[PDB]
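To begin, one chain is listed below as C-alpha coordinates, in the form deposited in one PDB entry.
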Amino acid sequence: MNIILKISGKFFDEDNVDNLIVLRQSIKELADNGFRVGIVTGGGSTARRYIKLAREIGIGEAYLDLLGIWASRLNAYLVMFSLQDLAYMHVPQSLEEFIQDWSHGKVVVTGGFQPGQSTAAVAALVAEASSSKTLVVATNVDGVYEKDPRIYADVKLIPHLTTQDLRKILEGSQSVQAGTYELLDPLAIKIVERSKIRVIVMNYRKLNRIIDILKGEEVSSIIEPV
(Lines of atoms letter the chains of each structure in order from A and count residues from 1; the text may use other names and numbers.)
(Lines give C-alpha, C1' and ligand atoms only; values in the text may rest on other atoms or scores of the structure.)
Protein backbone atom coordinates (compact mmCIF):
# COMPACT_ATOMS: atom_id res chain seq x y z
CA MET A 1 0.00 0.00 0.00
CA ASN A 2 2.44 2.68 1.23
CA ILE A 3 5.88 2.88 -0.32
CA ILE A 4 8.82 5.28 -0.06
CA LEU A 5 11.16 5.90 -2.97
CA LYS A 6 14.66 7.25 -2.29
CA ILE A 7 16.28 8.81 -5.36
CA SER A 8 20.06 8.91 -5.25
CA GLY A 9 21.64 12.30 -5.79
CA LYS A 10 23.39 10.86 -8.85
CA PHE A 11 20.04 10.85 -10.64
CA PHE A 12 20.20 14.65 -10.69
CA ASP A 13 23.77 14.82 -11.97
CA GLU A 14 23.10 13.34 -15.42
CA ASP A 15 22.47 15.24 -18.67
CA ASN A 16 18.71 15.00 -18.10
CA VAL A 17 15.92 13.92 -15.77
CA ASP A 18 13.62 12.60 -18.50
CA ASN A 19 13.36 9.70 -16.06
CA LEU A 20 10.96 11.97 -14.17
CA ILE A 21 8.43 11.82 -17.00
CA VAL A 22 8.79 8.08 -16.50
CA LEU A 23 8.58 8.22 -12.69
CA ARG A 24 5.57 10.44 -13.30
CA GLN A 25 3.85 7.59 -15.09
CA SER A 26 5.40 5.08 -12.69
CA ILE A 27 3.73 7.04 -9.90
CA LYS A 28 0.46 7.20 -11.84
CA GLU A 29 1.02 3.48 -12.36
CA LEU A 30 1.58 2.69 -8.68
CA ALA A 31 -1.24 5.11 -7.92
CA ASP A 32 -3.90 3.31 -9.98
CA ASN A 33 -2.67 0.10 -8.35
CA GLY A 34 -3.71 1.44 -4.95
CA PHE A 35 -0.20 2.46 -3.91
CA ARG A 36 0.70 5.73 -2.23
CA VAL A 37 4.21 6.99 -2.81
CA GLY A 38 6.53 9.21 -0.81
CA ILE A 39 9.75 10.47 -2.36
CA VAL A 40 13.11 11.52 -0.91
CA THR A 41 15.76 13.19 -3.05
CA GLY A 42 19.48 13.27 -2.38
CA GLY A 43 21.83 16.20 -2.79
CA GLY A 44 24.10 15.03 -5.58
CA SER A 45 26.75 17.19 -7.22
CA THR A 46 25.00 20.44 -6.26
CA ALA A 47 25.43 19.59 -2.58
CA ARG A 48 29.04 18.50 -2.92
CA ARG A 49 29.77 21.68 -4.86
CA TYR A 50 28.27 24.07 -2.26
CA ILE A 51 29.61 22.09 0.69
CA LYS A 52 33.10 22.26 -0.78
CA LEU A 53 32.85 25.98 -1.47
CA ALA A 54 31.54 26.65 2.05
CA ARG A 55 34.31 24.50 3.54
CA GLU A 56 37.02 26.45 1.70
CA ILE A 57 35.82 29.60 3.45
CA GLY A 58 35.62 28.24 6.98
CA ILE A 59 31.91 27.44 7.33
CA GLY A 60 31.24 25.03 10.23
CA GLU A 61 30.15 21.41 9.73
CA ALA A 62 26.56 22.01 10.90
CA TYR A 63 26.15 24.65 8.21
CA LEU A 64 27.87 22.54 5.59
CA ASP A 65 25.18 19.88 6.21
CA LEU A 66 22.45 22.54 5.98
CA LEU A 67 23.74 23.53 2.54
CA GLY A 68 23.62 19.85 1.58
CA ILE A 69 20.04 19.76 2.82
CA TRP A 70 19.04 22.85 0.84
CA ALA A 71 20.63 21.27 -2.23
CA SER A 72 18.63 18.07 -1.68
CA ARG A 73 15.56 20.28 -1.31
CA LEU A 74 16.23 21.98 -4.64
CA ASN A 75 16.12 18.49 -6.19
CA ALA A 76 12.86 17.79 -4.37
CA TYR A 77 11.27 20.93 -5.84
CA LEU A 78 12.34 19.85 -9.31
CA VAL A 79 10.64 16.48 -8.79
CA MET A 80 7.59 17.92 -7.07
CA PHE A 81 7.18 20.39 -9.95
CA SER A 82 7.29 17.53 -12.48
CA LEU A 83 4.54 15.82 -10.50
CA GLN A 84 1.92 18.56 -10.73
CA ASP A 85 -1.56 17.16 -9.98
CA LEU A 86 -0.15 14.03 -8.32
CA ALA A 87 1.76 15.72 -5.50
CA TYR A 88 0.93 17.85 -2.51
CA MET A 89 2.77 21.04 -3.50
CA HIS A 90 4.96 21.52 -0.45
CA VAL A 91 8.38 20.23 0.54
CA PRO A 92 8.38 19.33 4.28
CA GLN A 93 11.56 20.35 6.09
CA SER A 94 11.22 17.98 9.03
CA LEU A 95 9.64 14.62 9.81
CA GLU A 96 6.79 16.28 11.71
CA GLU A 97 5.94 18.45 8.69
CA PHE A 98 6.12 15.32 6.54
CA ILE A 99 3.49 13.73 8.74
CA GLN A 100 1.21 16.71 8.17
CA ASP A 101 1.85 16.82 4.42
CA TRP A 102 1.43 13.05 4.02
CA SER A 103 -1.92 13.66 5.68
CA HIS A 104 -3.31 15.06 2.40
CA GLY A 105 -3.53 11.73 0.58
CA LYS A 106 -1.25 12.80 -2.27
CA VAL A 107 2.40 12.18 -3.14
CA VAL A 108 4.95 13.97 -0.92
CA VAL A 109 8.47 14.92 -2.04
CA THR A 110 11.12 15.76 0.56
CA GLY A 111 14.77 16.64 0.89
CA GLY A 112 16.91 16.45 4.01
CA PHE A 113 15.75 17.26 7.54
CA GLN A 114 18.62 17.54 10.00
CA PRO A 115 22.45 17.78 10.10
CA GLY A 116 24.46 14.70 11.03
CA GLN A 117 22.65 12.27 8.71
CA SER A 118 22.08 11.58 4.99
CA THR A 119 18.82 11.37 3.01
CA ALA A 120 18.81 7.58 3.56
CA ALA A 121 17.99 8.29 7.21
CA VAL A 122 15.29 10.61 5.93
CA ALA A 123 13.77 7.94 3.69
CA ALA A 124 13.88 5.53 6.64
CA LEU A 125 12.20 8.03 9.01
CA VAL A 126 9.57 8.85 6.40
CA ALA A 127 8.93 5.20 5.58
CA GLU A 128 8.36 4.61 9.30
CA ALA A 129 6.04 7.59 9.77
CA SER A 130 3.96 6.62 6.73
CA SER A 131 3.79 2.96 7.77
CA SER A 132 5.57 2.00 4.58
CA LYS A 133 6.84 -1.57 4.95
CA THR A 134 8.95 -1.15 1.83
CA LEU A 135 11.64 1.39 1.00
CA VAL A 136 12.92 1.49 -2.56
CA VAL A 137 16.40 2.93 -3.01
CA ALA A 138 17.01 3.95 -6.61
CA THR A 139 20.65 4.40 -7.51
CA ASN A 140 22.73 4.18 -10.70
CA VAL A 141 23.42 0.42 -10.46
CA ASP A 142 21.27 -2.71 -10.74
CA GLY A 143 21.71 -3.61 -7.07
CA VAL A 144 24.19 -5.08 -4.57
CA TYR A 145 26.91 -7.35 -6.03
CA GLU A 146 28.71 -10.20 -4.24
CA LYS A 147 31.96 -8.31 -4.91
CA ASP A 148 32.78 -4.68 -5.74
CA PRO A 149 32.06 -4.32 -9.48
CA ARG A 150 34.50 -1.72 -10.83
CA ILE A 151 37.23 -3.44 -8.80
CA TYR A 152 36.65 -7.14 -9.57
CA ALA A 153 35.77 -8.40 -13.07
CA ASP A 154 32.36 -9.93 -13.85
CA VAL A 155 30.48 -10.11 -10.56
CA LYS A 156 26.97 -11.36 -9.81
CA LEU A 157 24.08 -9.67 -7.99
CA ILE A 158 23.18 -10.60 -4.43
CA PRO A 159 19.43 -11.44 -4.40
CA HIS A 160 19.30 -10.36 -0.76
CA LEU A 161 21.27 -9.56 2.36
CA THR A 162 20.56 -8.29 5.86
CA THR A 163 21.02 -4.96 7.57
CA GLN A 164 23.76 -6.57 9.64
CA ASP A 165 25.92 -6.42 6.50
CA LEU A 166 25.39 -2.70 5.95
CA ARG A 167 26.97 -2.19 9.35
CA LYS A 168 29.68 -4.77 8.69
CA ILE A 169 30.69 -2.22 6.07
CA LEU A 170 30.48 0.82 8.35
CA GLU A 171 33.07 -1.02 10.44
CA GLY A 172 35.53 -1.64 7.64
CA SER A 173 35.27 -5.43 7.37
CA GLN A 174 33.20 -5.25 4.17
CA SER A 175 34.08 -2.96 1.25
CA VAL A 176 31.44 -0.38 0.36
CA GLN A 177 29.83 -0.53 -3.07
CA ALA A 178 27.70 1.67 -5.31
CA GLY A 179 24.28 0.50 -4.16
CA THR A 180 25.28 -0.23 -0.59
CA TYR A 181 26.80 3.23 -0.13
CA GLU A 182 23.33 4.75 -0.54
CA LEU A 183 22.38 3.21 2.81
CA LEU A 184 25.42 3.58 5.05
CA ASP A 185 23.68 5.54 7.81
CA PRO A 186 23.26 4.28 11.40
CA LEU A 187 19.96 6.08 11.94
CA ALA A 188 18.63 4.63 8.70
CA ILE A 189 19.69 1.14 9.81
CA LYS A 190 18.31 1.65 13.30
CA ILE A 191 14.97 2.80 11.89
CA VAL A 192 14.54 0.04 9.28
CA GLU A 193 15.41 -2.51 11.92
CA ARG A 194 13.15 -1.27 14.70
CA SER A 195 10.26 -0.89 12.26
CA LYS A 196 11.27 -3.87 10.16
CA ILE A 197 11.25 -2.02 6.87
CA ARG A 198 12.25 -4.08 3.86
CA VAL A 199 14.71 -2.26 1.60
CA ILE A 200 15.00 -2.77 -2.16
CA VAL A 201 18.09 -1.47 -3.93
CA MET A 202 17.66 -0.95 -7.66
CA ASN A 203 18.66 1.05 -10.73
CA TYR A 204 16.80 4.31 -11.29
CA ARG A 205 16.83 3.58 -15.01
CA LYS A 206 14.31 0.85 -14.20
CA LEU A 207 11.71 3.08 -12.55
CA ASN A 208 9.43 2.22 -15.48
CA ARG A 209 9.48 -1.27 -14.01
CA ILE A 210 9.22 -0.43 -10.33
CA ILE A 211 6.02 -2.46 -10.08
CA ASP A 212 7.82 -5.52 -11.45
CA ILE A 213 10.45 -4.74 -8.80
CA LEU A 214 7.90 -4.74 -5.98
CA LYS A 215 6.66 -8.08 -7.33
CA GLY A 216 10.03 -9.64 -8.06
CA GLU A 217 9.74 -9.80 -11.85
CA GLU A 218 12.83 -7.61 -12.15
CA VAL A 219 16.49 -7.32 -11.17
CA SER A 220 17.41 -5.78 -7.79
CA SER A 221 18.66 -6.69 -4.31
CA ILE A 222 16.64 -6.95 -1.13
CA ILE A 223 18.00 -5.85 2.23
CA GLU A 224 16.09 -7.62 4.97
CA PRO A 225 15.99 -6.01 8.44
CA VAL A 226 17.33 -8.10 11.33
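Whichever C-alpha set is largest while still superposing within 1.5 Å between the two forms counts as the rigid core. Residue numbers count along the first chain shown, from 1. First, how it differs from the form deposited in another entry.
Summarising the superposition on the core between the two forms, the listed residues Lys133, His104, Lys147, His90 contain exactly one with a Cα shift of 2 Å or larger, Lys147.
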Second form
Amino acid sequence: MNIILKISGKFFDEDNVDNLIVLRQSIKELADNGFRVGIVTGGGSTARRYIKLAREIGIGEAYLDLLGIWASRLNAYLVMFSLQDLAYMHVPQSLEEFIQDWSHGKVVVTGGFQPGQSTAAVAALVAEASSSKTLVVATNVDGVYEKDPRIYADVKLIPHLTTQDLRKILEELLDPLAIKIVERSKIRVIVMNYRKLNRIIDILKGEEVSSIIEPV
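Please supply the corresponding structure for the form deposited in another entry (the preceding block corresponds to the form deposited in one PDB entry).
Just this one chain is shown here; partners and other molecules are left out.
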Protein backbone atom coordinates (compact mmCIF):
# COMPACT_ATOMS: atom_id res chain seq x y z
CA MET A 1 0.00 0.00 0.00
CA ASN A 2 1.36 3.45 -0.91
CA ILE A 3 0.59 6.34 1.43
CA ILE A 4 1.47 10.07 1.38
CA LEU A 5 1.99 12.11 4.50
CA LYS A 6 1.80 15.90 4.34
CA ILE A 7 3.55 17.46 7.37
CA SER A 8 2.38 20.99 8.17
CA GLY A 9 5.08 23.69 8.21
CA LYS A 10 3.95 24.40 11.78
CA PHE A 11 5.52 21.07 12.78
CA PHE A 12 8.91 22.61 11.95
CA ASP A 13 8.16 25.95 13.67
CA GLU A 14 8.00 24.20 17.05
CA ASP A 15 11.72 23.59 16.86
CA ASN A 16 10.96 20.52 18.91
CA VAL A 17 13.03 17.37 18.74
CA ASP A 18 9.97 15.26 19.67
CA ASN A 19 8.12 16.21 16.48
CA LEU A 20 11.02 14.87 14.36
CA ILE A 21 11.43 11.81 16.54
CA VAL A 22 7.69 10.97 16.44
CA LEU A 23 7.72 11.43 12.70
CA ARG A 24 10.78 9.19 12.34
CA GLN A 25 9.02 6.49 14.42
CA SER A 26 5.86 6.81 12.39
CA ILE A 27 7.66 6.27 9.06
CA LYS A 28 9.68 3.32 10.47
CA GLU A 29 6.35 1.95 11.73
CA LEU A 30 4.29 2.43 8.53
CA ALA A 31 7.13 0.60 6.73
CA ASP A 32 6.94 -2.33 9.17
CA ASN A 33 3.19 -2.49 8.46
CA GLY A 34 3.79 -2.91 4.69
CA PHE A 35 3.38 0.71 3.55
CA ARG A 36 5.52 2.61 1.11
CA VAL A 37 5.62 6.23 2.32
CA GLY A 38 6.10 9.55 0.57
CA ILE A 39 6.39 12.69 2.68
CA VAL A 40 5.69 16.33 1.76
CA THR A 41 6.88 19.07 4.10
CA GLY A 42 5.41 22.59 4.47
CA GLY A 43 7.38 25.82 4.53
CA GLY A 44 6.13 27.07 7.88
CA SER A 45 7.26 30.33 9.46
CA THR A 46 10.62 30.29 7.67
CA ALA A 47 8.68 30.50 4.40
CA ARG A 48 6.54 33.31 5.77
CA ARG A 49 9.53 35.37 7.04
CA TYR A 50 11.34 35.14 3.65
CA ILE A 51 8.15 35.94 1.73
CA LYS A 52 7.38 38.97 3.94
CA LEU A 53 10.88 40.45 3.61
CA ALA A 54 11.03 39.81 -0.15
CA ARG A 55 7.56 41.35 -0.62
CA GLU A 56 8.69 44.53 1.24
CA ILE A 57 11.40 45.07 -1.38
CA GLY A 58 9.02 44.60 -4.29
CA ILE A 59 9.92 41.05 -5.29
CA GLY A 60 7.22 39.62 -7.55
CA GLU A 61 4.76 36.89 -6.60
CA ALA A 62 6.48 34.10 -8.61
CA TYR A 63 9.69 34.61 -6.70
CA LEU A 64 7.89 34.97 -3.38
CA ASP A 65 6.34 31.52 -3.98
CA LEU A 66 9.79 30.21 -4.90
CA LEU A 67 11.24 31.40 -1.60
CA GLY A 68 8.37 29.55 0.12
CA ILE A 69 9.22 26.50 -1.93
CA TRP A 70 12.94 26.66 -0.93
CA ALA A 71 11.92 26.96 2.75
CA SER A 72 9.73 23.84 2.34
CA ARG A 73 12.72 22.05 0.74
CA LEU A 74 14.90 22.89 3.74
CA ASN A 75 12.33 21.07 5.91
CA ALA A 76 12.33 18.18 3.43
CA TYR A 77 16.12 17.80 3.76
CA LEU A 78 15.83 17.80 7.56
CA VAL A 79 13.27 14.99 7.44
CA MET A 80 15.15 13.10 4.74
CA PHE A 81 18.38 13.28 6.74
CA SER A 82 16.53 12.00 9.83
CA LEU A 83 15.48 8.89 7.87
CA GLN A 84 19.04 7.95 6.61
CA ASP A 85 18.82 4.48 5.07
CA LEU A 86 15.01 4.41 4.71
CA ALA A 87 14.86 7.33 2.26
CA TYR A 88 16.12 7.79 -1.28
CA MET A 89 18.59 10.66 -0.78
CA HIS A 90 17.26 13.27 -3.18
CA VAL A 91 14.53 15.90 -2.66
CA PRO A 92 12.63 16.04 -5.99
CA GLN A 93 11.87 19.54 -7.30
CA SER A 94 9.00 18.62 -9.60
CA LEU A 95 6.27 16.00 -9.95
CA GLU A 96 8.28 14.51 -12.85
CA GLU A 97 11.36 14.16 -10.59
CA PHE A 98 9.21 12.67 -7.80
CA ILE A 99 8.09 9.93 -10.19
CA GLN A 100 11.73 9.14 -11.00
CA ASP A 101 12.71 9.24 -7.33
CA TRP A 102 9.78 7.03 -6.27
CA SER A 103 11.14 4.36 -8.70
CA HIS A 104 13.90 3.47 -6.21
CA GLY A 105 11.52 1.68 -3.85
CA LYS A 106 12.42 3.88 -0.87
CA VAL A 107 10.83 6.74 1.10
CA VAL A 108 10.74 10.00 -0.86
CA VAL A 109 10.61 13.37 0.89
CA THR A 110 9.64 16.48 -1.10
CA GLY A 111 8.90 20.16 -0.62
CA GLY A 112 7.14 22.38 -3.11
CA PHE A 113 7.16 22.28 -6.92
CA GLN A 114 5.62 25.34 -8.59
CA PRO A 115 4.29 28.82 -7.85
CA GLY A 116 0.55 29.32 -7.40
CA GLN A 117 -0.13 26.31 -5.14
CA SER A 118 0.55 24.95 -1.65
CA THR A 119 2.40 21.90 -0.36
CA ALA A 120 -1.06 20.28 0.16
CA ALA A 121 -1.44 20.37 -3.64
CA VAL A 122 2.04 18.79 -3.99
CA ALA A 123 0.94 16.04 -1.55
CA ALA A 124 -2.16 15.40 -3.68
CA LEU A 125 -0.11 15.31 -6.93
CA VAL A 126 2.40 12.97 -5.35
CA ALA A 127 -0.40 10.74 -3.97
CA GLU A 128 -1.89 10.59 -7.45
CA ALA A 129 1.45 9.78 -9.10
CA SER A 130 2.30 7.08 -6.55
CA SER A 131 -1.20 5.45 -6.72
CA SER A 132 -1.69 6.25 -3.06
CA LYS A 133 -5.35 5.78 -2.09
CA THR A 134 -4.84 7.75 1.14
CA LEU A 135 -3.27 11.16 1.80
CA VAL A 136 -2.65 12.01 5.43
CA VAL A 137 -2.51 15.70 6.34
CA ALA A 138 -0.73 15.96 9.70
CA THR A 139 -1.32 19.45 10.99
CA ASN A 140 -1.63 21.49 14.20
CA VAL A 141 -5.35 20.83 14.69
CA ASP A 142 -7.21 17.56 15.40
CA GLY A 143 -9.22 17.50 12.19
CA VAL A 144 -11.53 19.56 10.03
CA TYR A 145 -13.88 21.80 12.02
CA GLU A 146 -17.08 23.69 11.04
CA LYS A 147 -14.88 26.79 10.90
CA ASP A 148 -11.22 27.60 11.65
CA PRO A 149 -10.69 26.35 15.20
CA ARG A 150 -7.91 28.86 15.92
CA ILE A 151 -10.34 31.69 15.31
CA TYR A 152 -13.64 30.29 16.50
CA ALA A 153 -13.98 28.83 19.96
CA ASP A 154 -16.38 25.97 20.58
CA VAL A 155 -16.40 24.85 16.97
CA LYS A 156 -16.98 21.10 16.38
CA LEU A 157 -14.65 18.63 14.74
CA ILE A 158 -16.22 16.93 11.72
CA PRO A 159 -15.15 13.26 11.77
CA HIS A 160 -16.49 12.28 8.30
CA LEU A 161 -17.19 14.57 5.34
CA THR A 162 -16.79 14.82 1.56
CA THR A 163 -14.63 17.02 -0.65
CA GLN A 164 -17.77 19.03 -1.58
CA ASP A 165 -18.35 19.72 2.16
CA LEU A 166 -14.72 20.73 2.60
CA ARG A 167 -14.85 23.13 -0.31
CA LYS A 168 -17.88 24.85 1.30
CA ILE A 169 -16.14 24.93 4.70
CA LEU A 170 -13.00 26.46 3.11
CA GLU A 171 -14.98 28.59 0.57
CA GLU A 172 -5.08 26.58 4.47
CA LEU A 173 -5.43 22.78 4.84
CA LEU A 174 -6.21 21.92 1.17
CA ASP A 175 -6.09 24.37 -1.75
CA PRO A 176 -8.11 24.15 -5.05
CA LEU A 177 -5.50 22.09 -6.86
CA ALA A 178 -5.29 19.63 -3.97
CA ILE A 179 -9.11 19.16 -4.01
CA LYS A 180 -9.29 18.80 -7.80
CA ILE A 181 -6.58 16.12 -7.72
CA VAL A 182 -8.00 14.06 -4.86
CA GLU A 183 -11.47 14.22 -6.53
CA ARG A 184 -10.30 13.17 -10.00
CA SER A 185 -8.15 10.32 -8.68
CA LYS A 186 -10.48 9.39 -5.81
CA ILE A 187 -7.96 9.80 -3.03
CA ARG A 188 -9.16 9.71 0.56
CA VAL A 189 -7.77 12.43 2.83
CA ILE A 190 -7.26 12.07 6.57
CA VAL A 191 -6.69 15.26 8.54
CA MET A 192 -5.01 14.66 11.91
CA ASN A 193 -2.90 16.33 14.56
CA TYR A 194 0.84 15.72 14.00
CA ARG A 195 1.10 15.20 17.76
CA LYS A 196 -0.76 11.92 17.13
CA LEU A 197 1.80 10.70 14.57
CA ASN A 198 2.95 8.14 17.23
CA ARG A 199 -0.60 6.71 16.82
CA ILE A 200 -0.67 6.71 12.97
CA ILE A 201 -1.68 3.05 12.49
CA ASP A 202 -4.67 3.50 14.79
CA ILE A 203 -5.72 6.60 12.83
CA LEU A 204 -5.60 4.64 9.55
CA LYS A 205 -7.84 2.00 11.21
CA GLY A 206 -10.29 4.80 12.14
CA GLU A 207 -9.79 4.25 15.90
CA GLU A 208 -8.46 7.67 16.83
CA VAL A 209 -9.46 11.36 16.58
CA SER A 210 -9.23 12.55 12.94
CA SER A 211 -11.33 13.75 10.02
CA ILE A 212 -11.82 11.52 6.99
CA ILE A 213 -12.60 13.35 3.74
CA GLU A 214 -14.20 11.22 1.02
CA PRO A 215 -13.70 12.25 -2.60
CA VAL A 216 -16.88 13.07 -4.58
